[PDB]
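A.B. asks: Here is how the chains run, residue by residue.
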Amino acid sequence: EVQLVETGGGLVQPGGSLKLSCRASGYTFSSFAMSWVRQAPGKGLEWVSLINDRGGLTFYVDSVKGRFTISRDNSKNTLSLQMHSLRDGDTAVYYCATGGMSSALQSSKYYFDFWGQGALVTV
Amino acid sequence: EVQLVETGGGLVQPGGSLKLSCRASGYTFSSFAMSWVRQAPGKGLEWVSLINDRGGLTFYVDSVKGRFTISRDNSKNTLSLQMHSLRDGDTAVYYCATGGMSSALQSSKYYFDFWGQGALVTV
Amino acid sequence: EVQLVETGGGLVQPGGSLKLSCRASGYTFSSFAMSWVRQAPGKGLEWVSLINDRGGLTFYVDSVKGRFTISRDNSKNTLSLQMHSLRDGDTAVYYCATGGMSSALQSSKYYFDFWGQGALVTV
Amino acid sequence: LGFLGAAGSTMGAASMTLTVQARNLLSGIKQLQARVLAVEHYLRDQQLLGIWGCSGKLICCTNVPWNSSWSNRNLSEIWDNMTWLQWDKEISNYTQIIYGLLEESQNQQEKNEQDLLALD
Amino acid sequence: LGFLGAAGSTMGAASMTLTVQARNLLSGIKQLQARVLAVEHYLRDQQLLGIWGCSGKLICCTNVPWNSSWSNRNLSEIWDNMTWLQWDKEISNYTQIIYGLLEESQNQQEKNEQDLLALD
Amino acid sequence: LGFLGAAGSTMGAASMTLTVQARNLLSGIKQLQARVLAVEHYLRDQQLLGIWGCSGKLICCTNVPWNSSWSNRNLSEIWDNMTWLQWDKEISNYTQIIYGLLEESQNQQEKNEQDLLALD
Amino acid sequence: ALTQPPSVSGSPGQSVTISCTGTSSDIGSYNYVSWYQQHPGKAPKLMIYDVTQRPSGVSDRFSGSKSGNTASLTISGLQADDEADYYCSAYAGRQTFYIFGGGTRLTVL
Amino acid sequence: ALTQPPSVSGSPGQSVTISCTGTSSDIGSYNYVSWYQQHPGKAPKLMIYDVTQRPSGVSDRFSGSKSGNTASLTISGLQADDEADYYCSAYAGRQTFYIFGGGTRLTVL
Amino acid sequence: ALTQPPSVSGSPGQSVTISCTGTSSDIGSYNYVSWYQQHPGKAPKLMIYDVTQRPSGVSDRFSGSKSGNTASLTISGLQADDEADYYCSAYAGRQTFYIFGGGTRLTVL
Ligand SMILES: *[C@@H]1O[C@H](CO)[C@@H](O[C@@H]2O[C@H](CO)[C@@H](O)[C@H](O)[C@H]2NC(C)=O)[C@H](O)[C@H]1NC(C)=O
Ligand SMILES: *[C@@H]1O[C@H](CO)[C@@H](O[C@@H]2O[C@H](CO)[C@@H](O)[C@H](O)[C@H]2NC(C)=O)[C@H](O)[C@H]1NC(C)=O
Ligand SMILES: *[C@@H]1O[C@H](CO)[C@@H](O[C@@H]2O[C@H](CO)[C@@H](O)[C@H](O)[C@H]2NC(C)=O)[C@H](O)[C@H]1NC(C)=O
Ligand SMILES: *[C@@H]1O[C@H](CO)[C@@H](O)[C@H](O)[C@H]1NC(C)=O
Ligand SMILES: *[C@@H]1O[C@H](CO)[C@@H](O)[C@H](O)[C@H]1NC(C)=O
Ligand SMILES: *[C@@H]1O[C@H](CO)[C@@H](O)[C@H](O)[C@H]1NC(C)=O
Ligand SMILES: *[C@@H]1O[C@H](CO)[C@@H](O)[C@H](O)[C@H]1NC(C)=O
Ligand SMILES: *[C@@H]1O[C@H](CO)[C@@H](O)[C@H](O)[C@H]1NC(C)=O
Ligand SMILES: *[C@@H]1O[C@H](CO)[C@@H](O)[C@H](O)[C@H]1NC(C)=O
Ligand SMILES: *[C@@H]1O[C@H](CO)[C@@H](O)[C@H](O)[C@H]1NC(C)=O
Ligand SMILES: *[C@@H]1O[C@H](CO)[C@@H](O)[C@H](O)[C@H]1NC(C)=O
Ligand SMILES: *[C@@H]1O[C@H](CO)[C@@H](O)[C@H](O)[C@H]1NC(C)=O
Ligand SMILES: *[C@@H]1O[C@H](CO)[C@@H](O)[C@H](O)[C@H]1NC(C)=O
Ligand SMILES: *[C@@H]1O[C@H](CO)[C@@H](O)[C@H](O)[C@H]1NC(C)=O
Ligand SMILES: *[C@@H]1O[C@H](CO)[C@@H](O)[C@H](O)[C@H]1NC(C)=O
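Residue numbers (our numbering), protein chains in the order written: chain A, 1 to 123; chain B, 124 to 246; chain C, 247 to 369; chain D, 370 to 489; chain E, 490 to 609; chain F, 610 to 729; chain G, 730 to 838; chain H, 839 to 947; chain I, 948 to 1056.
It is worth saying that the hints were derived from the structure and are not from the lab.
Among the hints, a few may not be true.
Now the stretches of chain C that chain I is said to cover, found in silico as 3 or more residues with beta-carbon under 8 angstroms [to be verified]:
1. 258-271
2. 293-307
3. 322-334
Capping the alpha-carbon separation at 25 angstroms, the derived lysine to any residue pairs in SDA-like fashion look like this [what the hints assert, rightly or not]:
4. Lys426/D - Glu719/F
5. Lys771/G - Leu18/A
6. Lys639/F - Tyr531/E
7. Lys480/D - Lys639/F
8. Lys771/G - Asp113/A
9. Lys265/C - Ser753/G
10. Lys265/C - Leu351/C
11. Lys289/C - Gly262/C
12. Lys546/E - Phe612/F
13. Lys992/I - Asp359/C
14. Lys774/G - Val837/G
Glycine included, C-beta positions come from ideal geometry on N, C-alpha and C.
Just need the whole structure built from these sequences, with the hints factored in.
C.D. replies: Okay, structure coming up:
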């Protein structure tokens, strides 16, 4: 039983900003690394960002590297993504997912196990 | 009262070499990082090189990186620049200036405070 | 008297693999770094790979960097090169040569002292 | 927690209290001998750890692969289902082997580093 | 100069004589006890530096920001106009706080390095 | 081989047994004093080595050039045709000079690193 | 990008295979090539991970493999219930981290 | 380079501004954007440093600011004496160290 | 590659020089520019190493030098026996390790 639920999103004019978030339940939040995966209208899937479980290591796809911030709060069981300087090419559904890298003590995955339904961002 | 006075320069044919120097007074020489800035007849200002106060760390702009040497002498209150393999594109007035990086204990500047009048280099 | 004798080689179709080897005598095998040099039919000499004397450090030319393995066996007095994913541009005579880098205690060379006669590789 | 507070917990949780344990290792003839011995013991562990290529670190890792003969017990389901006291017995007959390997695959690294730095 | 010669100089100037001071820290029961204690004291400082992630260094900086509540006195005001003996009183009530922060913002680093090395 | 087994061999060959020697340096009043002194001696060598910028390394190189006046008897001449016991006499009068240079061309490095880390 | 765009189809009860061609180092060197099942308007689900593993809840109908720098997903007793888009993805080696392929739609009839 | 080439002008006694447009990370991330006054044939002098500071000897006639990835210099009680070329510059973030802009000329009349 | 494209020739008993022009940093910074003698069907042999050294077995007939970013090989009392292809090579500074020049054929007559 995994419950990844996205919120936020909506229409932002080019050059603007927004913040997406995902609340999670069922699974211990603090035990998993998380990512955001983008579904552009006609592209299907693109990896955007990855954060480890302690919230200290972040990785980005080069295309958002100077613009986006990924963050976790283990007391709130919340994942979030702060987007800045939005462009038309960023219109997509943004999915909350668990998986990717791990702790070095736990058979790292390098795949995504669970997905939310996705927030829609229109620029 | 700052006294930065450039010398050297002159006309040297392409592929040749020259040395510029700047003598300084008024301010404790050993307390400041120094740099050379190029003023081409149509460019106004181009940064060329930076040296720290102890004379141990030097930085160069890519265009002279394999050709120029910057050095200091704290006993002589002298800054100097050795140019090699001169090209026509290096014709400019070269200014002696104090500023840029600092010691990590002293409110680093990242701007230039004092300027000399400049030596003229024609290739 | 140096005895560097190459074997292996032959005609392999593109995408295939082969292994070359060089047996050696006269000189203490374990005292020298060794390399492979390519003689394409029209290029004469191209450096391909270098292995140090203990067989722990290897270096490659970019063109084979993701494809070739250089290896050493000091009990057998054998140098070898495992080629993979062969392409038409790899057709050449491959020479066993002694020289290149050294041990940091022994007058580094950076030149080749001895050559074998070369195995012929046709893709 | 405090000193040895994590002794009854899993290796995973216990790995986060290494600082606590380390600080409690280091501070009439028989009393003086005990103090001198504690210092010699401390220094031998530091020397050993330094030889292995692991100096000012509480956690470090190397190029010696884990052999399956050395009590191969999964990873994730054991690391977080076992205490250090238990682990210590699971591999007590292999620590000399492991220590020897840790030194060999260090001396090799020092030589390789020295040679690489000699390339002009 | 020599040992403690820079004691009356400013912090900036005195930071250049650290080697001199460090070398003067190392070399019938009452006298023997004094020697054993000098060793235990020395080792505690070395252990502490190692824990903070600063081992074979006389000068090292970290990721702990300076809190202005810890006696903010500008920057040049300290380095070019104060001696280390005065600085020692200016922040004497904050050294335990600072040390705790220095240890914590090391353990965070060791774990992050361990995880990064696990990526292929 | 074993402890000092390489003593009669060449400098080059003997450089491969440093671990063996290192492990044998470190483990009623007269005997207790001897133990305390052995510890102080050990620590002085470790401190000195650390000052030079060489911490946990058994082999480390630096930025001090070799002077030709310091018995510069070629290179292969000493690594392949000389033992460490002979080398120790060939340069016995220069070790204090060399050590002073090693300390100096470290303090300069630390200052350069501190400044580079201050650039944004 | 991993490549697998042509449409794919087959008769119910027959097997079908969906390929995934990589480049060199991505699926050649890393055995981290998962597959996802995407319904038109729903979040995707994991089908295959590593190279040959499946999570609980995924039947034996789905299996796969890898050779050289090409991976594939095989569906055996093909159902109309398998009409979904399929995507392969793989670990890139820490510089780009993950690469998704250009996926494809499976039609059953 | 930073961009600010159009000529700038205005009536004596009136304010006038000079822009300085950067790219992104250069002046967006570093608050080190100084300005210099260049008389035609004399060495330049510092007018503004950091973002809003002026050195002693510079009057309050000169002030400036920054927003987004664009900086600006403001001249208030504009004098005939201000006819000089003006340049903005910025810290580059340690790769190129300093960037100078393509400066411009101020006319007062 | 290093540059030395012309064929080379001279009369018996007269000197001849084979140039080898580099780029800049390769042979300007390093003193490791060896030369090899290649017979048409035999493995090559070392003639010159570093800049001016020769291995035992090579006579004084072969010598050379370097200036700026250009190296050269000179053959003095030139013989018919010297009719071989010649190559220069140089150390690249750990990135490519070695650079070979195209060779040249020597004719003596
Ligand atoms: C893991 O350890 C085992 C022994 O515990 C190693 O296997 C031995 O290797 C020696 C080498 O000649 C053989 O003589 C023994 O008979 C082997 N024993 C067994 C039980 O196989 C094994 O090679 C080690 N594996 C690795 C990867 O180092
Ligand atoms: C700097 O230190 C002060 C205390 O010396 C910190 O301020 C305190 O933060 C705690 C957090 O729960 C509050 O409860 C206290 O009331 C705060 N004290 C005061 C006087 O406000 C301060 O946060 C530290 N600054 C930083 C950047 O960490
Ligand atoms: C190598 O050592 C020699 C001495 O052994 C150094 O030369 C001396 O330098 C001092 C400097 O004031 C002179 O007064 C001495 O007369 C010099 N001695 C000789 C014999 O010339 C030399 O500088 C050292 N070289 C390097 C590179 O440090
Ligand atoms: C003791 O075991 C219980 C079992 O769940 C566990 O929750 C508890 O944290 C353990 N205590 C320690 C110190 O780990
Ligand atoms: C071994 O590790 C795997 C990793 O998922 C786990 O599923 C399995 O149960 C473990 N086996 C044990 C503990 O026997
Ligand atoms: C490991 O799991 C078993 C399962 O019941 C449990 O009893 C045991 O206490 C666990 N071990 C630890 C160290 O918690
Ligand atoms: C160590 O060897 C003894 C020999 O009897 C054996 O009983 C014990 O279980 C061994 N320990 C391990 C960790 O295998
Ligand atoms: C002592 O104070 C005077 C004040 O001018 C200063 O010049 C001198 O250098 C100081 N002494 C030391 C050791 O710093
Ligand atoms: C505090 O720092 C500022 C930075 O410009 C400096 O101007 C001021 O004089 C300093 N205060 C003291 C007491 O030096
Ligand atoms: C700092 O400056 C004040 C100014 O009066 C002076 O009295 C004081 O002695 C100076 N401190 C040091 C350490 O020189
Ligand atoms: C430390 O606390 C005492 C308590 O009275 C106070 O007087 C003293 O000034 C404090 N020291 C610092 C550095 O604030
Ligand atoms: C002693 O000298 C002989 C001379 O050849 C040498 O072979 C032998 O190895 C030397 N002994 C050692 C320990 O190296
Ligand atoms: C230095 O060592 C080399 C090694 O072959 C030797 O040839 C040379 O003659 C030695 N130098 C002198 C001056 O003998
Ligand atoms: C050096 O070479 C001579 C040559 O006879 C030999 O006798 C001597 O023992 C060698 N030195 C060492 C340390 O082996
Ligand atoms: C050291 O000095 C003494 C003084 O007589 C001299 O005999 C000896 O040879 C010197 N040692 C070296 C290594 O020069």
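A.B. asks: Could you tell me which of the numbered hints above are not met by this structure, giving the numbers in increasing order?
C.D. replies: 1, 3, 7, 10 and 12
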